[PDB]
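Sharing a structure here in structure tokens format.
Complex shown without one protein chain; remaining protein chains in place.
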Amino acid sequence: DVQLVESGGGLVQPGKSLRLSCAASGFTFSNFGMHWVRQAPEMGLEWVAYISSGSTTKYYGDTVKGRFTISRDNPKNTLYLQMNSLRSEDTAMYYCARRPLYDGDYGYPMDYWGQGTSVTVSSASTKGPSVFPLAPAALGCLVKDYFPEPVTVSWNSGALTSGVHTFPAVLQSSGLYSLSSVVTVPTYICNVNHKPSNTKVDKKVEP
Amino acid sequence: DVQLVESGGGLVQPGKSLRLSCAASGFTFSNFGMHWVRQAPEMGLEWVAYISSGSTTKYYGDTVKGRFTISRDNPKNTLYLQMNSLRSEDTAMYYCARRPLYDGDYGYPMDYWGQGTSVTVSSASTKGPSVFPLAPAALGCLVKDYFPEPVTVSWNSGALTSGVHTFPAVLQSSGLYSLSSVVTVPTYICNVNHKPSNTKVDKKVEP
Amino acid sequence: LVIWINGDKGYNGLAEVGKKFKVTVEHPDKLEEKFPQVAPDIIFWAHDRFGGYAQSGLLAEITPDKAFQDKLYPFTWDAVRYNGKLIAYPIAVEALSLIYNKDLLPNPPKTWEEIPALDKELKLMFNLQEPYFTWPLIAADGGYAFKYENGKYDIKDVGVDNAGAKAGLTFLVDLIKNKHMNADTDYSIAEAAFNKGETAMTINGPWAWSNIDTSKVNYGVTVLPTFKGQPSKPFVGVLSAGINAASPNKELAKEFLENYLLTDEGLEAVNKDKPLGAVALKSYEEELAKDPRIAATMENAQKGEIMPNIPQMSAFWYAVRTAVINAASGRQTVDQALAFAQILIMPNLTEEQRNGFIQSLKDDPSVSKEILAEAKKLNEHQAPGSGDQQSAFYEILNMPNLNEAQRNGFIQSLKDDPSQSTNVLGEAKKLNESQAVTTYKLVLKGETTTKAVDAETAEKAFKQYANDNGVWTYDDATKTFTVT
Amino acid sequence: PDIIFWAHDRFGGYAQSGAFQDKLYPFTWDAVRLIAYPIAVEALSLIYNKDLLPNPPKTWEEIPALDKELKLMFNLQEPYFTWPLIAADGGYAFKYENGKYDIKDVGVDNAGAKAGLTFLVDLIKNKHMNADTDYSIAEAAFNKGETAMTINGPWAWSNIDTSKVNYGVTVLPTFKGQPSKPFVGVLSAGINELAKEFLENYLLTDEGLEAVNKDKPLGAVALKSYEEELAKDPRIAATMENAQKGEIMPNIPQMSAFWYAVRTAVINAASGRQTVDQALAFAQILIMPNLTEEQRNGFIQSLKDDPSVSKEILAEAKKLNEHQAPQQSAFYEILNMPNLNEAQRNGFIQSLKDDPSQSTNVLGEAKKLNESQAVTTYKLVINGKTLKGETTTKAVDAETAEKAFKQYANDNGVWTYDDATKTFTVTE
Amino acid sequence: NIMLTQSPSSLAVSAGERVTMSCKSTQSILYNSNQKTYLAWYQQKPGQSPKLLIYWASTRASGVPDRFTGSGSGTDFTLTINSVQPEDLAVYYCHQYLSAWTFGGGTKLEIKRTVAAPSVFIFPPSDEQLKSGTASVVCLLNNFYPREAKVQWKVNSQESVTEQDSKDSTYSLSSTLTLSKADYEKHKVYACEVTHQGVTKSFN
Amino acid sequence: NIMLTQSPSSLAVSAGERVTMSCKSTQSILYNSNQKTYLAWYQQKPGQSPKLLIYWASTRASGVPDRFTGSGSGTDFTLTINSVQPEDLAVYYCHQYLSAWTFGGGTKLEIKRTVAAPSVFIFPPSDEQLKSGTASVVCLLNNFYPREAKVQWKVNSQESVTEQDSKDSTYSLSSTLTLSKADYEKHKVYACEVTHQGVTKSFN
Amino acid sequence: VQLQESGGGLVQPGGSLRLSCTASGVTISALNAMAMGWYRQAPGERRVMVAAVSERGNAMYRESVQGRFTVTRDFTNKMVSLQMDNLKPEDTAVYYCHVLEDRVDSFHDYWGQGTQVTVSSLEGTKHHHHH
Partner (left out) sequence: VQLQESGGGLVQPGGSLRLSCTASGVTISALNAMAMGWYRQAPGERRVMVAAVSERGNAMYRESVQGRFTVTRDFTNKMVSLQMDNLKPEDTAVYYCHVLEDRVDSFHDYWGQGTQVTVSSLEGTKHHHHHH
């Protein structure tokens, strides 16, 4: 099946530069146009950039024109977005999408979307999360003091998925984030992954 | 609007050769594959030939393999089908149809079809239709003794189309064809067109 | 056998040659444009159109013979070569020359600027409809059809808008305005005037000589006069014979070309009919090398440039023709005419887009260079850039307040998308106004990384991290703190 | 790496993948045509031991007799050294026609190549030639005098000079009365400004060339003066004789896999695991550029398990490759049907020119037709109170058309004939 | 190739209720990678080129009304019209486009309605016919739905009936009696008698 | 560029009935050549990439159910769900792709149901967190339909509510009370009580 | 001074489009005392000037549209045109005919009704008919 995978996201200081790469598989990449689309909680979906199949025609968003560059490498099936002079309003999640062939004849819009990468910009520095198990039924663990938002939490390496309640992160008064993940039960370990801090932590919860 | 118009059809003796042309307008002809599909009253729809976009791939039907040849001229926006050594079973109406882009990814089948040209193969000679008025409420005219099938019958050059009843042609014992067309009314001229005989007859019907 | 040639050449001589060899010859007007749409067995014409004819497949490739290659001059063979193959058999080399009446003037003027004084004293005129005759004045001051660099022609570059071409065309239209030169005259009127002795000078090729030989008046040929101290550079044409690809007598025509007309008696017969000028064959050229007129024609050819063979020449001629006509009648200025021709030249523009650009140049000449640049950019975009790119590169590499990471990012963006360079540069400039470590790993079970300038700072950070999470060995070899 | 010193075949693929001229020979610059600076020109030569034999053999057939008298070996692993025997009898890597290489035509499967390879495997099976030996073992054997002859380039000479044994160099022996055509390599430097200048004004000098040649013999140097002062050595003369008898190596990017293919064939040919024809077919299949890995593997298996139809398999693979690339006999044959009337002959030839790949069908059914096989249009205008209109019929003359039109009028209820437009007008 | 067989040769129905037309394949036509069944349903009105209705056996083409629906899998596929309309009379073909291209046998859809009395006309031959040597007399029945009627000639006869129109949904037929001129002269009174589920017309 | 504005925004409904979400365009997006309106409706489940639902404002994408239907023209378009299902809670965007590419504000489809009694848990801080210098007590509520619920602390608290799940269709909430170390041992008993439509948990 | 606009609609990028504006209710010399131009407005942004012609007959253009756009003034016929060539999807906007005159102490503007111009960024519609 058609699959798109994004990479290159993370935390960068304002005014710096970043590169996002989207790898496509399952179709002839050298024949389809590509879109870069970003989404934020306070901004929502908005198209950012577009490149044609043969890289001859490229279009950019009004608010990103002159800073972002879209390109593609057909032989290795890759799509590149170079972002420069980043401002605080660019914190979002980025997806690469595929535009169908001859949409002026069949009217098919952007159909396949990638998983997306979270790009965040801020002057503050990153910090690894602090994990704390909770004494019990329900049991869980909370991650606390981690500045970059993405923290994927699984239980027993994905062995159990029923009753897994992972609350969204909230911003604290110190500028850091914290969230608690719980599981309802009648060994249980919770694994947290923090990609900007590259932190994998396995914590066992016991009374 | 997409428009496909064929030409070259007519009456030819068995074992002869005939070239059919199809002109396309309203789309990039140099990007879509083309199909020739014939239909007969006793056998129905079947696919005859297919040509790819760049003419690199061509497919033929089982019963027309080695006899028919498909090609196309992209600069002239034309699609050609050459038939050689015709046999009596090939009497049918031919359409040129378009194949949508990447049907293995989107699944769109043959969508736009032309009007179609009727090819009939037989040893008999063509003969001009004989038009006879019918004194009258309804009134009409009947055409008799014309071997080639197509005879388009209109009234007052298409001025009136209400109450028109044109009946299908019927074979008599003599091997010719005849049909009567009438209109029910509370000047009237009936026009018959016989393309293989190049016959244009306008007959006025009065009591 | 059907032969089509121009009307001013030796049709009767070629007819006699064919009768010696049936052969039918005709000289229809405007033959060079009806030939591509009609498709005669063989056509005699200049080498410029044969490139387009071969590209369209209208002309069949000729199989040559090595001895026949050695029979004629080499540069004629290279000039008739398109994409490494031979399509036509070179016959004659024609270059324009200045013909003067000795009684009217003892010596031809060395400069074009002196010609107004001579004409005013008289109170020179020649064909104006054809761009062929007008082009030497345009190209004397540096104008060119296409950039000839390292042995290939640059289609993307056109020199009809150079200041030298503008100066030449303004000089010509100034001669028109001062009543020195009639804007409505053509080749026939020029020939009639020069045969009657009304005009003291004319610009013409060898073929006119026989006609002036019928005038019984003394005539002297020489190199065209210089313009602003620069010698004129007329285009050098090669008249050669091309064979129709659909001709049913292809081999008969090929044998006719090889064995009958490209021989001494055929060339001498057609020269007696009409002087063909410099013939590509060695023996007859050496026989006629003693004639001073052929020497003057050769001098003009060396001073000039060999006419190219790209199929993008025909429309070029068309464009130049229109511009010259637009320059001739005073309907519009020289700069406007050159701009219109430049717009007409590039093929990839759509007809609606071309008409829009024509109107754009019509209604606003103050921004003509911007319109031309935008039209050229659109043409290259639709064509089936390094100029500004190097300038942007050099400007960014000199940026003093930009750190290395941002400079590398901007350089990568410039190398990646050049068409948006002009915006990106400005953005970099904007940033210029605003701006005016080892990763250590820790191996509660888990791994972390932190960026630190030295081992002890990372040790302090890792000890703090362990302190907050309820938890020592250090390995330079793997750059790793391990806690147990 | 900054600069790579290697034979000129791979620099072409490297470039594809991404007064000074007068100082060197012109063909050296033409071969590297610019992407590399020629340094040396190397060609293989037959090096024999003077004490072993007074004069070298002139034909390959005599070598088995001399070897069995001893009771010839060289580097067998690399196709480079074994190629001259294959190329002697017409074998060519690519068709060099009017100065251009035709990638579509590959001559490895020629009959002369089969004869050369079967002679080589005949040497192998008769224990005259070692299938597992390599360049190092051949050098050691020639240094110790184990082998009476060897095939080697100039570079090994200094090593032979370390062995102090008398060695004579000559042209490779003729095969079946035909001299060999060894590949001529150009050892040149390819850059991945300082390195270029160091190559130009320092390395490309008489002192630099002689310093390099002293360590290992470069053979034919690209520099003119060192060639002139080194042409007195007869070994260089023999190398150039082999070079002119040989063919220069191509610069197209289609060589590397080609070499791989030939290597595999040699490894298939020497070990005896497969016959000469099957090895050549495998090499040809590997050479084919546009075949997919699954398609190539399928063709390899089909050639492996059934060698009876190898020619048909190769033809089908070539057809597929041409189809996936990003009739004349039929033309002559169609014109020669006697009973076929002119119309269908033009129809069939139009179909033939229209679609060549169906020609084998279009010919055959035409024969199926052959045994089966073995006028002015006039217009009537009726201007009548009962009938107004015009009709057409085809007739051989105005008289037949007149009868036909009169009959038509008779069935449909003053007659005039305009010959200029062939029109009969009937007015009621 | 993969040819398809449509079960109903023809089916009649009144307007407003559902019709189902099924067709069978000799083999599975499910593409493995896409997991999509490659089959389409086409509609062809009389005297017109075929028009695409459904593709992928479930997806509905653009502009197609919601009444048309496609279902089925394996080797059996069905097209269902929930509310048949009078202008929906046509021929429906199920067609696979996975391996080569083949079309079904065609299912004809008829329209049922209330009975209607035919309109009878009698038409004598014209005089150009007379002097041409043959005579043809026509009896015409117009606007009769049931498509059942017998016609008899009283003093070798050809009956031709048109196609059911979309608006009226009735039929028209003509019976032509053809004889020689002499046969016309000997007899005087010609009558055509037409009997129908829902009369004699004569001339002298 | 063309701005799109979606009127309903957040909207709550019970399972079984219809919902109509409309969006207005600043400019007409009717392509003149083929008379097709260029607008699409996209559905995005929580933690998912957007999935195409409808294109050309009337045509349904392959694989979508028949409950979703698109209508409207001019500058006003509507998307209607006939029978909202428990896994239909998502965000729906209307997006035009005629001039450039833009998306609407997004309407959130919320699901109504019967009220449920929450389950309350009190979770003590862990000792490694204690010796780190701060303390945090957790008061958790699980499986309640109404998001509205008040939480009070007995001895500056942070409240986090999760997104309603598609299967069960209730909510979970967590209130964390954080304090300093010394403040943690200066108090002894800690309690969290909750007032809800559908209770105090205390510990020492 | 009433301004009436004409022209506009849907255009493929790279195409051409001509807009016209006619002024009424003012005399000839007084209209030659005005500066006449074209503004444009996109949804969500304020009106910006895309072209202007002063009373001297000189022209002034926005930086992003110079070369691609031209503006011409037929002062005898109270008439003005804007020719737009090589369009882009970002050029979709409502165009406003604008008249500026100085009142010594201040400047005053007159705005027309405006016309809608949309650029359709589709790909396969180049051959498409228009009828």
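Order as written gives the chain letters A, B, C, D, E, F and G; numbering starts at 1 within each chain.
One rule holds in what follows: contacts are C-beta pairs under 8 Å (C-beta built on N, C-alpha and C of every residue); 3 or more make two chains touch, one makes a residue touch a chain.
Shown as candidates are D:297, D:346, D:383 or D:410; the residue that touches the absent chain is D:297. Only one of E:11, E:13, E:100 or E:122 touches the chain withheld from this view, namely E:100. For the chain left out of this panel, the touching residue among D:30, D:134, D:316 or D:418 is D:316. Only one of the listed residues, E:3, E:117 or E:199, touches the absent chain: E:3. Among B:2, B:18 or B:101, only B:101 touches the chain that is left out of the view. For the options D:110, D:163, D:278 or D:324, the residue in contact with the chain missing from this view is D:324. Residue positions on chain D in contact with the hidden chain: 292, 294-295, 297-299, 301-302, 305-306, 308-309, 311-313, 315-317, 319-320, 324, in rising order. Contacts to the hidden chain, counted on chain A, fall at residues 1, 25-29, 31. Residue positions on chain B in contact with the hidden chain: 33, 59, 62, 65, 99, 101-105, in rising order.
The criterion applied here is as follows: only the chains that are shown with their structure count from here on.
Of the two chain pairs examined here, B-E and A-G, it is B-E that is joined by more C-beta pairs in contact. The distance from the centre of chain F to the centre of chain G, with each centre set as the mean of the Cα atoms, comes to 46 Å.
Taking each chain's centre as the average of its CA atoms, chain E and chain G sit 59 Å apart.
Residues of chain G in contact with two or more other chains: 89-90, 120-122, 124-125, 128-129. Residues of chain B found to touch two or more other chains are 1, 27, 31, 105, 107-108, 130.
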